[PDB]
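In the form solved without ligand AMP, a lone chain appears below as structure tokens.
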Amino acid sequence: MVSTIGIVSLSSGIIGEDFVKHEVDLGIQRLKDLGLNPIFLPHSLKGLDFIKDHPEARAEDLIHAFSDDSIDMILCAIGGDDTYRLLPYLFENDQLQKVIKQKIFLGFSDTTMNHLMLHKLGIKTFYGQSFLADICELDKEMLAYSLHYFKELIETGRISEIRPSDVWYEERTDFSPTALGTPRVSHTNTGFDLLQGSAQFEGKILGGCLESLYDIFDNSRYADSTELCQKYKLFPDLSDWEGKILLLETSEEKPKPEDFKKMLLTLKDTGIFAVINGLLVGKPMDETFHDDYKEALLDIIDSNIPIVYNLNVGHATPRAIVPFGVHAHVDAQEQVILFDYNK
């Protein structure tokens, strides 16, 4: 019985900018048609500059979203690259833990950091879509495959299974008003690609955007990312990772193959690939460096660890939604991932 959906800006504040107005109205109408009543949290529409300079305000919006019993679901507006800055405002005095309640939380990319924050507090979240990226798809309707998962989530509170899309789409090259009502360029999608290891494996899924996870360990983007993430122990320990399935997906930054490898090896050094039950990897945006990443994965990760590539999760389109913290059964041969809420 999800009815009210609260939209939050925890990363970029672009959603409140004048030029995005029509897109926002488009998404609002789509949410209404699905049986929902959208509300924007108090700071979420204040714009680029305000949101950038007030991570504490973003945190206050998140705290309110989780503590307000009239809000049934929380949807991230859009990603960015600096939501790690919210950490002290959520954890230094257990501000979020004190008032948090289990309810649907959906986002991706920079939101990976928020997913890890919520994991720390025992909250089961949902990865892979956001308001501007998916609900405000510029074509006449939302992408059918993306809609399938969003509709299922809002109607049932869960995702039961993921199957590959029939098609995938390129990122647009026109973002002016002439883009409205036009389709993205599409291509046939060939399904889950078992790179190595068992076609079947199981466990709860956790992870997200590779570039985001990298900033837990490397401070090149922001000098204090590693300090803050270590201070608040954001990265799960090995006992936590053991027997889980890791999700990785690459962003619009399209990391060059050398950098993709660097990032994988930084994770490998933690022991994560040694304790997980398998690895799921999303299709890169535009399939950029698709074959290079496949070769890098095969080279770096021991061949007894299962890896399934080409998931329609992450920055390519369309986009499935992945429950985190829910036992999953992967079967690459049968092109399906099942979720068991009673295991």
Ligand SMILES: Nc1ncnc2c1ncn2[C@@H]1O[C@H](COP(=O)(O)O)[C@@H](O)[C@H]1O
The other form holds:
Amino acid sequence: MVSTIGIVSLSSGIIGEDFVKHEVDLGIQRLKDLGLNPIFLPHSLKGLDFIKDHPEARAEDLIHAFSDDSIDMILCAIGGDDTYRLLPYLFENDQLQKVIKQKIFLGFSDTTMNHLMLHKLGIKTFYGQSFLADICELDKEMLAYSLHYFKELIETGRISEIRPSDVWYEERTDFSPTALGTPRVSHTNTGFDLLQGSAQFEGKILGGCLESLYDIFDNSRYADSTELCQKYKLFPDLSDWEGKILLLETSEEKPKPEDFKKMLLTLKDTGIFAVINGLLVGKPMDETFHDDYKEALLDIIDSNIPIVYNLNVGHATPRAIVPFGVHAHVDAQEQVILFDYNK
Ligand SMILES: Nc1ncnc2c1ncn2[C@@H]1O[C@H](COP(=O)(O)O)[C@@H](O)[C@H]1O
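Complement to the form solved without ligand AMP: the form solved in complex with ligand AMP:
Okay, now the whole complex, with that chain kicking things off.
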């Protein structure tokens, strides 16, 4: 299915920096070991400062990744917080539209913005893993659960189903060469947690990182985020959201409960909760504010919407891959999400 895999830095430029080189070289070797030919797009390794300063270079890399028929899959390096800045370089003169096609695209976090970009252009994408975060796992092997989904994707171009992991892991405090070959701290995973509504619900999934979506509507982080996202109509129409399942997950920022609440209400203000078929929420990173987020969801989300919490999707580890734009059936009782590529 996949032979050449192209690595893009569309958010932070970290993967080019000396201090992560040991991690990068490890992931490169793993991709090779999986039967892939990993290539870095021309600007992807230019480092933090260059990539921050040149969103146009990022856009160039993405356009090239889609345009180049030899590239079978696009893997995001890592998230960040400013990929919105690519919008004019992708959309002003239909630059991305001109080259766009159905090709595997995988990332999470700030990449949420890019997922919305690609959705706009009619592309089905894949949420929930990145090169640095998953492929460069510092233990001897990739996390088993994560690897299950990655290998499925590269072998079949699809994810058939998601089931909960048996365990979850803490985020590392040490990513230096010293950490090589050392294991993450493990916890028992208690599975999908049906907070409210029906245990069965269906629809195509779209969403990603709550913090990312919030910057569509709240210009605190970047003063022109809302302007750019409005100009380019990045947030889907409510007729588009109608009958979809929204995914939400929280980042390493670990918003305090009152800020989580403010984010959910800001989303509510879009009208999205009136039209969706259900809500999937990832386990918070490190389970930080796990209980508080649960309470906030129960307090705020419209009463008619089913909510499944504690998915192994997002910033906690290990990490499932979630197809976007593919009909899903969620069964909270049986603890499975099944995908139907024909629907
Ligand atoms: N050097 C690193 N190596 C591996 N994972 C990292 C590194 N830096 C950050 N992460 C993790 O990558 C995940 C996604 O980061 P981000 O895309 O920036 O939200 C988070 O859970 C981070 O803790």
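Shifts are known only where both forms have a C-alpha. Residue numbers count along the first chain shown, from 1. Under this definition, the rigid core comprises the largest set of C-alpha atoms superposing within 1.5 Å between the forms.
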What's the distance in angstrom the Cα of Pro42 travels between the two forms, core superposed?
0.3
What is the Cα shift of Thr173 between the two forms once the core is superposed, in angstrom?
1.6
Core-aligned CA shift between the two forms for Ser303 (Å):
2.6
Core-referenced shifts between the two forms - contiguous stretches of at least three, CA at least 2 Å:
302-304
